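Here we start with a single chain on its own, the form deposited in one PDB entry, put down as structure tokens.
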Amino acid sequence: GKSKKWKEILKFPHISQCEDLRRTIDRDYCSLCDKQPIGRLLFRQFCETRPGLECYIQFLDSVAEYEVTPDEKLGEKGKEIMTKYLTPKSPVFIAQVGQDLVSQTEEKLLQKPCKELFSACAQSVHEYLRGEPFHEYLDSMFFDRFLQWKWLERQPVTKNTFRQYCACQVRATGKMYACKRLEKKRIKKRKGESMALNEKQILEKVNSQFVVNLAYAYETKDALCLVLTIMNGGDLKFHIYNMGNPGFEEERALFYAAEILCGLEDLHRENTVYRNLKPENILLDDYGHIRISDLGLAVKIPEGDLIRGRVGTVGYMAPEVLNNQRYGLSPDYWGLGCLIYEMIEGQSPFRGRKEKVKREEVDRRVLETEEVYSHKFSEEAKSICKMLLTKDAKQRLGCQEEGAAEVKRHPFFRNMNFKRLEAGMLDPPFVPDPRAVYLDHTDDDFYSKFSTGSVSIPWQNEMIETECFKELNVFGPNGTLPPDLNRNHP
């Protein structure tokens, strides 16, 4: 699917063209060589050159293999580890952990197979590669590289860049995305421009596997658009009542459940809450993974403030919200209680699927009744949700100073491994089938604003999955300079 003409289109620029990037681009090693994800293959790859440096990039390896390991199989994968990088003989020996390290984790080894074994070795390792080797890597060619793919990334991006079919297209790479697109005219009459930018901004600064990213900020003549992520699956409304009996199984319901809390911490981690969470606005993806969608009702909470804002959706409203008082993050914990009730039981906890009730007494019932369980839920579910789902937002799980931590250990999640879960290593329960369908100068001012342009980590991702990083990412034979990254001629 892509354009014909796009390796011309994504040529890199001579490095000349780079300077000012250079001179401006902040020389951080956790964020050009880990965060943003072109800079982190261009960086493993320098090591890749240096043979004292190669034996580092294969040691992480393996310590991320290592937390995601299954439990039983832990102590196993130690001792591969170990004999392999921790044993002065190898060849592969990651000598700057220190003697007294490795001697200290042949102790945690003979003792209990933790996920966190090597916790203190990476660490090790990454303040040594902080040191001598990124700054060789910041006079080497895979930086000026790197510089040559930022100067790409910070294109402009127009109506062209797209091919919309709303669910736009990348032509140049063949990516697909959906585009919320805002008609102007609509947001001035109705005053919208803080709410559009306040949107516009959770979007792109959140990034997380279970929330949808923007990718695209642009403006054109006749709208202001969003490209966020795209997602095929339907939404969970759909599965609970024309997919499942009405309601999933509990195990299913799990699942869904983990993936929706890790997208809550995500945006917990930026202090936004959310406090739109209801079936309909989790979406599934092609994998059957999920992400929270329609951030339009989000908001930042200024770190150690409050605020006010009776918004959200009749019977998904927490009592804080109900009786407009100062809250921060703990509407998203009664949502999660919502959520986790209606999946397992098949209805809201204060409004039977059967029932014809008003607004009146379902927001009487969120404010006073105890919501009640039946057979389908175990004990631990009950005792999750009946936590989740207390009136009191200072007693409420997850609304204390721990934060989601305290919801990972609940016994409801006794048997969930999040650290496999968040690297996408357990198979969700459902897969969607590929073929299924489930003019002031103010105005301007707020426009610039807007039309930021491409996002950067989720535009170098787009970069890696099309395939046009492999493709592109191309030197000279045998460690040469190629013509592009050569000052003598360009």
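Numbering follows the first chain given and starts at 1. Only the largest set of C-alpha atoms that superpose within 1.5 Å between the two forms is called the rigid core. Compared with the form deposited in another entry:
- Residue shifts between these two forms, rigid core superposed: of 399, 172, 214, 157, the only C-alpha displaced by 2 Å or more belongs to 399.
- After superposition on the rigid core, the Cα atom of residue 75 is displaced by less than 2 Å between these two forms.
- After superposition on the rigid core, the Cα atom of residue 133 is displaced by less than 2 Å between these two forms.
- After superposition on the rigid core, the Cα atom of residue 143 is displaced by less than 2 Å between these two forms.
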Contents of the next structure:
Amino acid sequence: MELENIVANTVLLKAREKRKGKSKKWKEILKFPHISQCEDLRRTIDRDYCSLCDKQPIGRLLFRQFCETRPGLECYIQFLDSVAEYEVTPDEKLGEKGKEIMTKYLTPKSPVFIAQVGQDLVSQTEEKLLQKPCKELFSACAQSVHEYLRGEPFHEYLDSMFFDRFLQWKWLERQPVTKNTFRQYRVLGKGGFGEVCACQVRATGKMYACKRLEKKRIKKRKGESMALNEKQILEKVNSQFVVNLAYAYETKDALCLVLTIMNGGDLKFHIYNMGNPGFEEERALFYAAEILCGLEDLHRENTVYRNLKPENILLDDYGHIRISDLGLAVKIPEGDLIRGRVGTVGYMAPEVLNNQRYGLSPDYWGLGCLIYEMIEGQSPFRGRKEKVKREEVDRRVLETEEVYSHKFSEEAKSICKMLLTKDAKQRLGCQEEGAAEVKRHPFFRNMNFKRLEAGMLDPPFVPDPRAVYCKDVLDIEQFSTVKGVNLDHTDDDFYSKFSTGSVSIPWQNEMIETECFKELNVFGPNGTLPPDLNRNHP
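Now that we've seen the form deposited in one PDB entry, could you pull up the form deposited in another entry?
Shown below: the chain alone.
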């Protein structure tokens, strides 16, 4: 054993597990400013109910905490809470759970009666329950509450100390980010214009992955628009099955993307470096399902992926997966095809190999490639450790057909062949339906996709927290030192557009997840103004 490899992992493992890894002076770094400092944000902030009272996590909790100071509003908060529970109760007990809400919030004499719904809607919703139990029964009811809360309660909240406190939180959110903000750990993988390594916010202790983009390498390969495009894409998409962007900042030599940390490792590692090649169909099915949902979300914005291979699918602490490395994705102009000779050897669709125009098709070619590789333990057109000059592997993708073995079930064999059709016109999922045609394939007969997208399905494989499911730090491919490049001011503009600092919603989740919001979000005794919110004197 090499000690660089042992030490690198034990350090990463220690951080991953007092103070939850926070800094000693974290209460000073995240000290609220006096409200008198937040007048600029008070003007800039758009006064939108959905954003300030729901979408933004810390805003959501502060509005709820404000409504809980009034019995006349605490009921509405309890209704929206109960509706959420009803929306995740089993179809078996839906009918029952639907009766408590009605008998507890929707009766003239109920203890927590909410009156702003409408005597017509309560009855309209009352008949719906005798018809059939449905998780979307109270959709109109909960909406009627949002129509009332966004009126007077919202404007009363904007006048209260809780919204002032929100501005204070927003003042910290705006603070600049630098290399100081994080502490870097071992490298987890080579990719793109730099390397991916684990990092940790010093103030909060939350673990992330830092995808480094070396400045000298972007200029030398003219990948500037490609790096920027990756950043925007990661920002626009908000899917449970795609790496989420939390920060994007600049350093003297590189641009950095702070992404969700996936301690479970990539599927390429779980396919080849953990026992026999591939794994059981059960695992492939679950993963194929989540990948489908992740592709479905990327396709809603009409954005192709083109980069689907096992090393770009990752595993989190619980066993779920996310798609990573969106650097090859582009948003499509509606009704047009793109020419791009991009992709990985043995993972490019027949359309891309002929330098031919294509659309959303190459993604479903990749989905089939992954299902096959997970089950068979090898690429559909390349051996496990077989040396082929690119020219032939390419040929095989176009000319030769894949071969299946006893490892494949009838349904697994069927979904693969239907996803691995050379003619993109008659390829599964590439029809006008989109991912709907794929969700119905017999392969997904016991997979309740609606229940998967919610998160009520337990992953089949749970990674052990005290294991690093990755190659050792000294076995990671490295780059060659870039030479002859000098960073000019012409690129200072691109660096500025990229480095936009922290992303609001993820940042707020960081403060909530690490309990920083819990410990710091306090007020005076008896619910009085604390000094940082008192306008008489600091």
